[PDB]
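Student: Residues per chain are reported as follows:
Number of protein chains: 2
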Amino acid sequence: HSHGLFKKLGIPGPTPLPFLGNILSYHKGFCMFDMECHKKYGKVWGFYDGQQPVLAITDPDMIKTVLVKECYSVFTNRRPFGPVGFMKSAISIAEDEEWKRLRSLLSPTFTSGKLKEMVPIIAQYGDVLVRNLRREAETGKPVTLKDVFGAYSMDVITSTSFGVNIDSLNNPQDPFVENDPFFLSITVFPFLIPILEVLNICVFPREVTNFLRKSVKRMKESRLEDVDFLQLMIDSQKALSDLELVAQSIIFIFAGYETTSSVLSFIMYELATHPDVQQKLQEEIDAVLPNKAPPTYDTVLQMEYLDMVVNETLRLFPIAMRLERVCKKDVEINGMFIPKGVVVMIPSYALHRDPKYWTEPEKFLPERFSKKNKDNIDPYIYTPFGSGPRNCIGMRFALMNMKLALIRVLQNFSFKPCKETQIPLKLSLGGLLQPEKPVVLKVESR
Amino acid sequence: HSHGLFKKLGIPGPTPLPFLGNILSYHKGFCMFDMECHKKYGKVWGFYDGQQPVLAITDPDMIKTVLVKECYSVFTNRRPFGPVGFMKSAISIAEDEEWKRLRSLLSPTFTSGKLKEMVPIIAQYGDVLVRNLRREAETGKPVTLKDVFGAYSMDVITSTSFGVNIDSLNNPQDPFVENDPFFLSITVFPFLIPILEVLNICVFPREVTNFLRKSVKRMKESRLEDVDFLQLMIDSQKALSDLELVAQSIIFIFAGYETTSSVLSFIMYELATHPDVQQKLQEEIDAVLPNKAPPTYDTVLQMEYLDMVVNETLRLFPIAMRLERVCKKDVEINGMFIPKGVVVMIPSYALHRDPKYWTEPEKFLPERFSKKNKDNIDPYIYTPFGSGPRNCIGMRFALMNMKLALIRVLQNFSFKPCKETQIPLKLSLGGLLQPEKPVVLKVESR
Ligand code: HEM
Ligand code: HEM
Ligand SMILES: CC(C)(C)C(=O)N[C@H](CS[C@H](Cc1ccccc1)C(=O)NCCCc1cccnc1)Cc1ccc(-c2ccccc2)cc1
Ligand SMILES: CC(C)(C)C(=O)N[C@H](CS[C@H](Cc1ccccc1)C(=O)NCCCc1cccnc1)Cc1ccc(-c2ccccc2)cc1
Numbered sequence: 028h029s030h031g032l033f034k035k036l037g038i039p040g041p042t043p044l045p046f047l048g049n050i051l052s053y054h055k056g057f058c059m060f061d062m063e064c065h066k067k068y069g070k071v072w073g074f075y076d077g078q079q080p081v082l083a084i085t086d087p088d089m090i091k092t093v094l095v096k097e098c099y100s101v102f103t104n105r106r107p108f109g110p111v112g113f114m115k116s117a118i119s120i121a122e123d124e125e126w127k128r129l130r131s132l133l134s135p136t137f138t139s140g141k142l143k144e145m146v147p148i149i150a151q152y153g154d155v156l157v158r159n160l161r162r163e164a165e166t167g168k169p170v171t172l173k174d175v176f177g178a179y180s181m182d183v184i185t186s187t188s189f190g191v192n193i194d195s196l197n198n199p200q201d202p203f204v205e206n217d218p219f220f221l222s223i224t225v226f227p228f229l230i231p232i233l234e235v236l237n238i239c240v241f242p243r244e245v246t247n248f249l250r251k252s253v254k255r256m257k258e259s260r261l262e263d269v270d271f272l273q274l275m276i277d278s279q288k289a290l291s292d293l294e295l296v297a298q299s300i301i302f303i304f305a306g307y308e309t310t311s312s313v314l315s316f317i318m319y320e321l322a323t324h325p326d327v328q329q330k331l332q333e334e335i336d337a338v339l340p341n342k343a344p345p346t347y348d349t350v351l352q353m354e355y356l357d358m359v360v361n362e363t364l365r366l367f368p369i370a371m372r373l374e375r376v377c378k379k380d381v382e383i384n385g386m387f388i389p390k391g392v393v394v395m396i397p398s399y400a401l402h403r404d405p406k407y408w409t410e411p412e413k414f415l416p417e418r419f420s421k422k423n424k425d426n427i428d429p430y431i432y433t434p435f436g437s438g439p440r441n442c443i444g445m446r447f448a449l450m451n452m453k454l455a456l457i458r459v460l461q462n463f464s465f466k467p468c469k470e471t472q473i474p475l476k477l478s479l480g481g482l483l484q485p486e487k488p489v490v491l492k493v494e495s496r
Numbered sequence: 028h029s030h031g032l033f034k035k036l037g038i039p040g041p042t043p044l045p046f047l048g049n050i051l052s053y054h055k056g057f058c059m060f061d062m063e064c065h066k067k068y069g070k071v072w073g074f075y076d077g078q079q080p081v082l083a084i085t086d087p088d089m090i091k092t093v094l095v096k097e098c099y100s101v102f103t104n105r106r107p108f109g110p111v112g113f114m115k116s117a118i119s120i121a122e123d124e125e126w127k128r129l130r131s132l133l134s135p136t137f138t139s140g141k142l143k144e145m146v147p148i149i150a151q152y153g154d155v156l157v158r159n160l161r162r163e164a165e166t167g168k169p170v171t172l173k174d175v176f177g178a179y180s181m182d183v184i185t186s187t188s189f190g191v192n193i194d195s196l197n198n199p200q201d202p203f204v205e206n217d218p219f220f221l222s223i224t225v226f227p228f229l230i231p232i233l234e235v236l237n238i239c240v241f242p243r244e245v246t247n248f249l250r251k252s253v254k255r256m257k258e259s260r261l262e263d269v270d271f272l273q274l275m276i277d278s279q288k289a290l291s292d293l294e295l296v297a298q299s300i301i302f303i304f305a306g307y308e309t310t311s312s313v314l315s316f317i318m319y320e321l322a323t324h325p326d327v328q329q330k331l332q333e334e335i336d337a338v339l340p341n342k343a344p345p346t347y348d349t350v351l352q353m354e355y356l357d358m359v360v361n362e363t364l365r366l367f368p369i370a371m372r373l374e375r376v377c378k379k380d381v382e383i384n385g386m387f388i389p390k391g392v393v394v395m396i397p398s399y400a401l402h403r404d405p406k407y408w409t410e411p412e413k414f415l416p417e418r419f420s421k422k423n424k425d426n427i428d429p430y431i432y433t434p435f436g437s438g439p440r441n442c443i444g445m446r447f448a449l450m451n452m453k454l455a456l457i458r459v460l461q462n463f464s465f466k467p468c469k470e471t472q473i474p475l476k477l478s479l480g481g482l483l484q485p486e487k488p489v490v491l492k493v494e495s496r
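Sequence lines, in order, name chains A and A'. A prime marks a further copy of an entry chain.
Under the entry's author numbering, the residues of the first sequence are numbered 28 to 206, 217 to 263, 269 to 279, 288 to 496, in order.
Under the entry's author numbering, the residues of the second sequence are numbered 28 to 206, 217 to 263, 269 to 279, 288 to 496, in order.
The hints are simulated quantities; they were obtained by calculation from the structure and are not laboratory data.
A hint or two may mislead.
Copies of the same chain are indistinguishable here, so a pair counts whether it falls within one copy or spans any two.
[Claimed, not checked] With a straight-line cut-off of 25 Å between C-alpha atoms, the simulated DMTMM-like cross-links for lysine to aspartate or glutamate are:
1) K96 x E124
2) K288 x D86
3) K115 x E262
4) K288 x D380
5) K379 x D292
Work out the full structure, taking the sequences as your base and the hints as a guide.
Tutor: What follows is the structure in structure tokens.
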């Protein structure tokens, strides 16, 4: 049932199987499925995740209506995701007015004013990065980036959100970095989510969160009385609740961990397989920060090829892959009727690799984003941070944390591929925008 | 979990058991449970139907805020009720804007103008009533009212809603009158409703509704081309859908059946155990309609003791027992904070029998509603039809259908109790406002 939806509206798509929908077509991954569907069906198409209708839209005018214009009136939420337990109050999982209050109350945390105050702290573990790096460099052994970056990425979270100062790679024992068949059974059995929920099963392991919950309550009452995300949520509390504040901490911790380290690894793959771009970036760094001067807030925004390199990697590897909004009312946007209940989905990975909006889309060409060519880029085809009132609230912090890392790591080292390095990088066919094989590179000391 | 709700708000109530809530206290019925809770806990209290918090309110100012004032903004819907299938679109089960459109689109059906046109049709089966009655009267055998009334009640539905003219008691074969452990398992297992729904299990037997669905589609396309509820929904179709129209037919059919016949039986019990009121009512009928004149629209509204007798029966037996609204937002009405999610419930049966607002509440005293005493009655303690934008949409049709019946049946007969008649009437301890033993009376010919 409901599988006749798109056949009634005149919207093309793959014919679904009973019960399953189209999820069998996920056998080559989310990204390859969207890329094929765009080629064969066109500007708009639909499919089913179980009994769930999802409408893919690629018209950049209609993407602005969803993500920006009618965000507050029709497209406010993302598709339901459970069982979640007390993480119902996480800002990325909240809906409607509860999100709006959390967005409003958590928004002042990522201002450039606050973000500028994070600069010295993020600059402390950029020095612990180089140090550990040189050590491994001397060992002349190939290096796994996702580890050395993940450790750096956790080092910057603990500090930025709780003031917990750990050298997580050399201090593995302290594991703030505690951090498939299941969810597909959940899409075909959405009727079973209330089964788990009333049993306190949660997609987030209850031992991690119970550790953070009592950890946060220890930091709340230690700093009361005695520059981090917690201080900013502690001074905010309509105001913040105590368990609510525990739920935002977990979102921030992950976001600053996986997203930062995963993107920083993609970047250094591209820089290692395109040495000209690495030398050009290193030339720019030493023209802005000579004598290996330490990056400051104003110097990092001053570096343009750093932004082009960052932006272009995000084009080839937008770690979100898709953006989604639920349609909560009957609506007709840009000449198309969308019924209440449909998940409107923007295929970000596919749009970033569309030969209509990009020349040689499979190529790492940072000049795409040069100041003479960025005016050509449509802001609704290239959405690595989403858009509209529900975009990535940590976009400014993420772009600054990575660039602060890149400047310090490339002021001291240069990265060359290894024989066991995977060229070309084949993406993991699974549900995360990750490499099939972890990224390994040679590292030498300038 | 959630069972600490009313203990956190300072609201009294019975202590719930795990999983079950207070439903074990339903062992003497909905009505006796509310009456006890009002006596022991006061003006406001709370309990749990499973994990569902329900807040009972008896303050008539606060009842106006829920049923009338903040109906459109906070208290628009009744508590979820499933599995229902395609009856999701029934006007009594719809929610928010979908109800508002159906209420607006079905409202012109019950105007006094249309209701006045129903008078001759309802007057045809009032004559089939007397006839069948005299027959049984001659047999000098005690009479079961719920049968002879239910047959009359079905006769008036088929006619009023489809033009199907049947003597349902003498024509049992044609069964438009096709019409517990389950629902209590559903309140403790609300997580299982999606299990049944995705299996097309429906609390309404799928054979009845599939018979009406194709029956309605036969009448729709027979009268297109060729004074009933269907003609009025056929001319209305934002406009009505075809399956939607099938769902409203089923609500109307039942409402006009059970409610009309069940109340008409309670009335004739009271008139038989209070012969003075019966003679006084019969005296009034013959002063307005002499020579057994046929009731017309203007003569029935002209009869006041008929309204007092009708109203008073509804006080002693309000067939709805409770009114309910879901609280869809945090709110503070009349100095009390009600959180999003709580079912606000008005205990109608209990309020009708409160010794604060009624003298000798256990007594059938129609003078309660005499023109000199009705100004004393608070319209929010006495709510046999609810109140506010979501009251009974068929109140006018129901009050006219019964009174049209009463005038014709008492112009020709008088009713006396039998030895097997239950005095006093003990109400069914189950979940419906019905007698424990069906009502039987002697019937003699004037
Ligand atoms: C390379 C790094 C990152 C990328 C590419 C990225 C991308 C995204 C995207 C595409 C969205 C959805 C936007 C939409 O639906 O329109 C999102 C949401 C979000 N991001 Fe990020 N993100 C990154 C890092 C971070 C960081 C460091 C934080 C730190 C707090 C963060 C916090 C969030 C939150 C809380 C949301 C949900 C906000 C809401 O729904 O209101 N992200 N991100
Ligand atoms: C003695 C006869 C009747 C009584 C005492 C009665 C009582 C009630 C009550 C108390 C409600 C709920 C009001 C509220 O929640 O505020 C209701 C709703 C309703 N009644 Fe009746 N009723 C009767 C007969 C009828 C008849 C003949 C119809 C014919 C169509 C009908 C149609 C409805 C409908 C459709 C609703 C739901 C309306 C909505 O929620 O918008 N009822 N009734
Ligand atoms: C933003 C993003 C990820 C696109 C998102 O909105 N995703 C939705 C919401 S859920 C997810 C829960 C969560 C929170 C914290 C830690 C772990 C998990 C969440 O809140 N992310 C935001 C916080 C961190 C962040 C990440 C990226 C950018 N910015 C910030 C749905 C989703 C995600 C994955 C699968 C899925 C994955 C694999 C296999 C099958 C299904 C299925 C559904
Ligand atoms: C108005 C009323 C009844 C108070 C109502 O709103 N009830 C709700 C909604 S459901 C019910 C479905 C329905 C529709 C048509 C035919 C059958 C059933 C419905 O729509 N009624 C309105 C139409 C007819 C009508 C009746 C009375 C007055 N006016 C009109 C919830 C409800 C009812 C009974 C039990 C319950 C009962 C027994 C045991 C356990 C639980 C549990 C929950």
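Student: Hint numbers the structure violates, sorted upward?
Tutor: 2 and 3
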